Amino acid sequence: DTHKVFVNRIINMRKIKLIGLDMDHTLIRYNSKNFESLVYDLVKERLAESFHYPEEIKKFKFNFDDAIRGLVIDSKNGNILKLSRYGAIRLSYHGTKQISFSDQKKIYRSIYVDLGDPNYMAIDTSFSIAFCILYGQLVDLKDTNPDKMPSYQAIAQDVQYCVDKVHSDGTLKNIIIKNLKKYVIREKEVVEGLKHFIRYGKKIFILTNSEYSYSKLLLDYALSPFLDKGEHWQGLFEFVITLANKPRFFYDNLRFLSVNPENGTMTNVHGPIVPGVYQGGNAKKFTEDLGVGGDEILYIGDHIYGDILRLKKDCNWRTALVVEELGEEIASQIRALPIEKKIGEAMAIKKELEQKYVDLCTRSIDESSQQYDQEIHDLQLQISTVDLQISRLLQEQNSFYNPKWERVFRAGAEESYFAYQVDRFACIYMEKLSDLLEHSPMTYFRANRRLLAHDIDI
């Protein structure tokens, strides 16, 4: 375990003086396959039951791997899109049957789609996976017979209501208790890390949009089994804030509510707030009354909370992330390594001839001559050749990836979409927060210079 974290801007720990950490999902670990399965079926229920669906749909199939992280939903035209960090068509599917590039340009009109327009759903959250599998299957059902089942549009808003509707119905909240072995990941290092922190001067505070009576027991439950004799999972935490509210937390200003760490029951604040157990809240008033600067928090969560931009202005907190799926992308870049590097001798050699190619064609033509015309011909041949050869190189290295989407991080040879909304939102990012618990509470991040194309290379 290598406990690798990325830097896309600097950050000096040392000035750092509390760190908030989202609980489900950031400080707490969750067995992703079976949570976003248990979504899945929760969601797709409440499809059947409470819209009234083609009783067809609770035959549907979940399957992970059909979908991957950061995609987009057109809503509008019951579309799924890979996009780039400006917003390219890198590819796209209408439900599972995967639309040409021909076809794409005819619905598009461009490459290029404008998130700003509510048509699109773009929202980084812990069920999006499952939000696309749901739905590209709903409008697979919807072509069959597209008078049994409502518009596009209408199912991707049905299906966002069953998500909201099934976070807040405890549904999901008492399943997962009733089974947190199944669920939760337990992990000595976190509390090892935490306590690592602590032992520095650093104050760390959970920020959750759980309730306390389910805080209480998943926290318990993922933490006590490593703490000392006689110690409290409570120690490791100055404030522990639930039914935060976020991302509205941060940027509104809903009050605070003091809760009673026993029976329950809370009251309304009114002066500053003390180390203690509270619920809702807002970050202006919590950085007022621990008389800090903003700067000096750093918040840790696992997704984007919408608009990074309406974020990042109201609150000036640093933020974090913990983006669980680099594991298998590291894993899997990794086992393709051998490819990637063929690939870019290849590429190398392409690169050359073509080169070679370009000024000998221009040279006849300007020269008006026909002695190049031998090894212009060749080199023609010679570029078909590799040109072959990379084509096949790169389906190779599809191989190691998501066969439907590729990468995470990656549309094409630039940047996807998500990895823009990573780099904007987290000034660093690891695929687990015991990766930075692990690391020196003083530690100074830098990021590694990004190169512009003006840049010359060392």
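Residue numbers count along the first chain shown, from 1. What changes on going to the form deposited in another entry:
The hinge separating the two rigid parts that rotate between these two forms falls at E345, chosen from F197, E345, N77, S364.
Would you mind giving the form deposited in another entry, to go alongside the form deposited in one PDB entry above?
We keep it simple here and write out only the one chain, dropping partners and molecules.
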């Protein structure tokens, strides 16, 4: 609404003794439109280079609006669909052309789907958008000459491989590191917030999925500029884990490696870790060595990037999420505020106009028998009129959001699959890290009561 930190589960900032931050996308903000466009290009490129896809793909035009965050795709049928909170298909596309409610139903023999079925891709990653947009064009081309390109599920895997390789390959980090200004966006409020929480005995640490050599470059560029004379960015973090292999870092058991800030060389760890630079590791050992409880640790990330059930049951420490798209969602809803009120009132006028439609319709066969024959036919059109207006209003309201997929947190009336992932995974969430740091490091974040249908409100 009009706040900065949205709460899902209670969390006392006074009890938190350490805060973990995902360097990329959480601690260091990026230009979503550019970063995505870059990955899309690199991947679109590598495909026709190491997989020899048809050259036509080289001429694929990227459109950022072609996809929205939180979409799910099934590599089997080469489809992309917006799922509801319970897996119900709100709207689907095969490639780029929408699928009729009819064809969808006949295809999935149900309005629901089974995310347990690995044939679907429901993981929240920082490259979903690009992936979705590309995969869409990549299936259209496939439908044309299906003999030249692999199968729908094959393409999906290939794209995933490229997206993956380009990330560990070095291709991506290089293009950006040599353009820190087109891709990364800075803000002093972040360095100020960190300093604020530090002044409260709170120890900050970061865990990235990038090499130290590269991390030292981004951090320096994105932080140093805002420090005072004599200060160093490395004095902001008590710990910094590089090539953390984030997903598994939380629930796995991969070993740590002490990193020499100077050379960059490393040596195996033979005891409890201590303030400094490390590589790899796992949350279990980290929490242990620091002599604290998981509930005394809060980690903030940009994308779930994994299975919520295992992440929450196997890790044990508090988790928050920063959702960038939240900026546009809130903005669009505020913009549609007036249109919302209009459908609302138009609705009430249709509700009582219908409430009376039955009152005199039941009476027509509950006490009498044929008397209002023309009476009902009067409200029957008087309702088809107001309902026609509501149709148009709902249409205007759509113009305020992504025309192809509507809003991110909504799957029609109910919340979207992504809205559910956030609710389950993050106890707290906001548009950008800065919002959280803006508050008092000793704030007690409470949640608003849900209130069930059978509950009485006061």
